[PDB]
Amino acid sequence: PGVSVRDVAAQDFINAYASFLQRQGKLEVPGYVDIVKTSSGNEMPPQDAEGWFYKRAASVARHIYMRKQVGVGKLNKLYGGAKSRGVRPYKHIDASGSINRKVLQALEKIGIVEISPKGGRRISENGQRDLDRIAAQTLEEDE
Amino acid sequence: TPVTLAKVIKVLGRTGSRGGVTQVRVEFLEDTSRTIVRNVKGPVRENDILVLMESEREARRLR
Amino acid sequence: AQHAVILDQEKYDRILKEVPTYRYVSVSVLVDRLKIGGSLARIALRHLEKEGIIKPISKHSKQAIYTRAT
Amino acid sequence: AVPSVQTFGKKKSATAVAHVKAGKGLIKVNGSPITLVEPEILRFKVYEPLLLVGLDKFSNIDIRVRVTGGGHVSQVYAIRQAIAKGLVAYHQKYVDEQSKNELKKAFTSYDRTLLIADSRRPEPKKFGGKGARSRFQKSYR
Amino acid sequence: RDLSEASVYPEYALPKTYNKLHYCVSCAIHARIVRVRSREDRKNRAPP
Amino acid sequence: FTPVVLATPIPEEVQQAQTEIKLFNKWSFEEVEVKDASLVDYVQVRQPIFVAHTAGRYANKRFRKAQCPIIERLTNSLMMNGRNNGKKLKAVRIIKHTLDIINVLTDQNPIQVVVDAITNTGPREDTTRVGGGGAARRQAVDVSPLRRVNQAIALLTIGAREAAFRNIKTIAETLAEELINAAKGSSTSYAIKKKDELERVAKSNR
RNA sequence: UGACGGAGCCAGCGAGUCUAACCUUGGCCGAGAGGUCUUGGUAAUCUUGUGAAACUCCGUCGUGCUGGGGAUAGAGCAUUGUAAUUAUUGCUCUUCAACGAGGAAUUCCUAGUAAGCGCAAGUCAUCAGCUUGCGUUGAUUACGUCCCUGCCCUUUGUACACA
RNA sequence: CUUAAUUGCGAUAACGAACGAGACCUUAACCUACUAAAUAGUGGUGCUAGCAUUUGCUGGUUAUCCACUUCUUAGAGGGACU
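Going down the list, the protein sequences come from chains AJ, AS, AP, AG, AQ and v.
Per the deposited numbering, the very first residue in the first sequence carries number 2; after that it's consecutive.
Per the deposited numbering, the very first residue in the second sequence carries number 5; after that it's consecutive.
Per the deposited numbering, the very first residue in the third sequence carries number 36; after that it's consecutive.
Per the deposited numbering, the very first residue in the fourth sequence carries number 3; after that it's consecutive.
Per the deposited numbering, the very first residue in the fifth sequence carries number 51; after that it's consecutive.
Per the deposited numbering, the very first residue in the sixth sequence carries number 20; after that it's consecutive.
Hints should not be assumed to be uniformly reliable.
[Stated by the list, open to error] In the DSSO-like style, the derived pairs of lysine-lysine whose C-alpha atoms are separated by at most 30 Å in a straight line are:
hint, chain 1, residue 1, chain 2, residue 2
1, AJ, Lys27, AJ, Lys75
2, v, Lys45, AP, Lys94
3, AJ, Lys69, AG, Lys132
4, v, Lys109, AJ, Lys84
5, v, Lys188, AJ, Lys84
6, v, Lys115, AG, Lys30
7, v, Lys106, AP, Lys94
8, v, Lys188, AP, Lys94
These aren't lab readings, by the way, just hints derived from the structure by calculation.
Starting from the given sequences, assemble the full structure and let the hints guide the process.
What follows is the structure, given as structure tokens:
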């Protein structure tokens with residue numbers, strides 16, 4: 002097709018490639034899975050009772066190279082809660098920033114997340130040699 | 005329902021001390037001269053047809 | 036109990052037994068049926084996810100389009 | 003042929019530029035296909051100048067338009083206008099107008115404020131109320 | 051025409067009554083529309 | 020029909036419908052002309068739309084009050100109570116929903132009889148709020164052909180919260196039975212009996 | 001057309017350190033609150049692309065005072081300030097209620113405006129449930145009038161002029 | 001009689017006026033036509049990694065020649081004067 006970097010869809014993509022990372026053997030968690038509410042405004046524990054850091058291989062790392070240089074609190078910025086703070090406005094509220102800073106040192110070992118100047122993190126030549134050909138794989142297993 | 009196929013013949017004016025009833029003429033153009041002296045409720049721009057039931061059952065001043 | 040319990044093992048598969056004269060399977064209809072609740076009602080109704088009489092063409096959440104179809 | 007005329011998708015919330023060149027008919031919002039524009043439904047008001055007077059309209063043109071800033075209406079019209087200016091302001095200067103205007107059976111037949119510049123603009127909020135024309139309520143003694 | 055088709059000896063009258071009235075000064079301007087006049091216009095006698 | 024095939028991603032399901040005939044993929048936006056009588060030349064139908072977004076200057080000109088989309092004049096006419104008002108891209112998919120509930124329960128591929136929503140919800144006379152003094156005054160005038168655009172849209176749509184909110188049941192399915200029920204004779208519904216008090220003393224007192 | 005959880009993701013206004021320490025992406029730490037070296041900026045340089053909420057899409061919740069609500073008091077951890085008790089604020093858990101559309105009383109407002117929601121600035125060490133603006137999404141129906149209330153003009157009447 | 005208007009017409013012991021208001025002025029604006037371009041925004045591509053060969057795309061390059069003024073910004077002006 003001449004599959005470019007930005008032919009990649011957003012939800013039916015992550016349904017069928019981030020679920021493939023569920024059984025790569027990849028534990029790589031800080032030991033703090035299903036103890037975190039994933040928002041200060043959240044009142045309930047999350048869904049699966051194990052894992053769900055496997056979204057980060059197709060939601061986060063796909064969105065780093067949508068831009069060119071990234072940090073952490075802007076990737077924290079997608080998780081947006083609204084703590085019902087008594088009788089007051091429901092102000093700008095993010096999650097706890099420890100997980101994204103420790104995914105920052107968990108999926109770095111693969112070669113996908115590389116050390117960057119011009120601030121924080123940029124994508125590597127594992128992007129143009131695996132992440133391009135999981136845009137040539139996930140869209141080409143879902144043609 | 006004896007449907008007198010009414011029409012906006014001319015643009016008569018207003019009534020209503022609270023400004024609610026706007027005046028027109030209402031009859032079918034064939035067999036005129038038998039028509040309620042009556043108006044339309046709200047918005048009507050000029051000179052088109054209308055569907056109704058009554059034909060000639062009048063009143064005069066409408067507050 | 037009285038309402039919103041588990042599956043009604045007594046009369047379960049109304050989907051393949053009672054969809055003439057009522058083409059209505061949703062959140063908004065199946066709570067006066069003296070039925071299990073949407074905590075576990077439509078979870079017990081996604082058993083026909085491959086095919087079935089009731090069929091969505093709308094993939095959205097929280098209410099689907101389930102009638103007498105083929 | 004690429005002389006880039008500096009046509010624009012300009013509305014309430016887009017300072018865009020359309021470099022509508024002449025190619026096969028590919029289109030990228032900096033890389034983006036037609037299936038990714040973020041409403042999932044209001045995408046289908048980009049119907050107007052493409053598949054309603056002609057089938058192809060492809061080998062004549064090529065689209066690659068950026069958008070930066072703004073909000074959430076200019077993905078529908080100001081995306082569309084930048085693409086639509088590359089057709090009738092480029093098949094007019096080179097291709098003839100009777101070839102344009104007699105085959106303009108649908109470019110203007112559904113012209114729901116496309117190329118006419120928008121005249122529905124922000125106005126400053128007042129003083130003494132909640133909103134731009136929303137006041138408080140009073141009280142007496 | 052259908053009130054008096056019932057009326058044989060057709061319509062019989064064009065029926066009209068007469069009444070002559072006597073108001074006063076103190077009750078005329080609480081029904082009848084004059085209620086004031088100016089200084090130098092109190093001169094006519096025909097009503098139109 | 021020998022379509023265009025090309026490398027940049029454009030699918031097939033759009034070009035086999037709209038390149039010659041006005042329609043949508045599974046919806047009908049077809050050949051249905053105005054089956055209902057007058058109020059014709061006041062309706063957005065001719066020219067029908069494909070999906071729902073069209074705005075513009077339709078503010079206070081009394082004398083061009085009918086070229087605006089009544090598609091659009093429907094799709095913002097139920098929203099209130101602090102969270103539904105505003106936010107006006109949320110009914111855009113319920114016309115993708117409830118024009119597939121009528122289009123699955125007695126199909127009538129949707130544009131045939133929904134243009135005919137003046138056949139049943141088109142009044143014949145309306146009783147005024149005229150002054151009088153003392154009673155429930157609806158000594159009346161005769162009807163007007165644009166009150167059948169504002170009173171038509173409202174009283175078939177404002178009943179979508181007296182039956183849905185405070186409990187579990189949604190908006191969509193009661194916009195399907197009570198569209199057909201407000202397109203046929205009803206006797207057990209919301210439109211026709213609320214189409215009574217503005218016609219009750221339209222014949223029992225002239 | 002709601003709530004929870006995931007996917008995508010939007011503004012403009014600014015005001016920002018001076019011989020002092022303001023805005024600040026990150027690195028690393030710890031669950032947060034946040035903390036130490038660092039990233040740029042006296043300013044279309046950096047904050048900040050203000051990807052925020054409200055929003056779009058896909059899984060989980062059911063007729064209850066409830067996965068709506070968070071009043072009420074209790075314990076602990078931090079931040080600011082020579083200085084926090086009669087608690088500066090937040091954070092994590094204990095406390096988890098009222099209240100169900102609300103009486104003779106009664107306001108505002110006719111197109112990017114009525115409406116929806118949320119960020120700067122203003123007081124700002126710290127303290128927005130406030131007030132200006134900035135914006136992001138946007139219907140209505142009257143299409144105007146004197147009974148109630150308010151104001152100007154003609155005519156008359158007036159034993160009144162701090163009227 | 002009209003009007004947002006003591007605004008205008010028309011009647012006229014009046015005529016002609018000075019005000020306020022109106023007028024005037026802004027703004028979110030149209031100007032790819034300009035004096036004009038990375039402390040700011042552009043088709044290009046110096047060095048060109050790669051998905052893909054469906055042959056130019058995703059690109060980056062704390063500047064490589066910097067390609068260029070319309071988008072960003074207005075010096076006066078036009079364009080609209082029911």
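Compare the distance between the alpha carbons of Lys188 of chain v and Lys94 of chain AP with 30 Å, and conclude whether the hinted pair is satisfied. Distance ~19 Å between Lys188 of chain v and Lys94 of chain AP Cα, so the pair holds.
Is it true that the CA of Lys109 of chain v sits at most 30 Å from the CA of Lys84 of chain AJ? Within the cut-off at roughly 24 Å; holds.
For the pair supplied as a hint, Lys69 of chain AJ and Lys132 of chain AG, is the alpha-carbon distance within the 30 Å limit? violated (41 Å)
Does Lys188 of chain v pair with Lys84 of chain AJ here, judged by a C-alpha cut-off of 30 Å? With Cα atoms ~27 Å apart, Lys188 of chain v and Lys84 of chain AJ stay inside 30 Å; holds.
Would the hint linking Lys45 of chain v and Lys94 of chain AP be met if the CA-CA limit is 30 Å? Holds, at roughly 15 Å.
Would the pair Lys106 of chain v and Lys94 of chain AP pass a check requiring their Cα atoms to be no farther apart than 30 Å? Given pair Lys106 of chain v, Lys94 of chain AP holds - Cα atoms ~22 Å apart, limit 30 Å.
Pair hint outcome, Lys27 of chain AJ versus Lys75 of chain AJ [Cα-Cα no greater than 30 Å]: Holds: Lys27 of chain AJ and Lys75 of chain AJ sit about 25 Å apart, inside 30 Å.
Are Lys115 of chain v and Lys30 of chain AG close enough, with their CA atoms no more than 30 Å apart? The given pair, whose Cα atoms are some 28 Å apart, holds under the 30 Å limit.
Hint 3 from the earlier list is the only one contradicted by this structure; the remaining hints agree with it.
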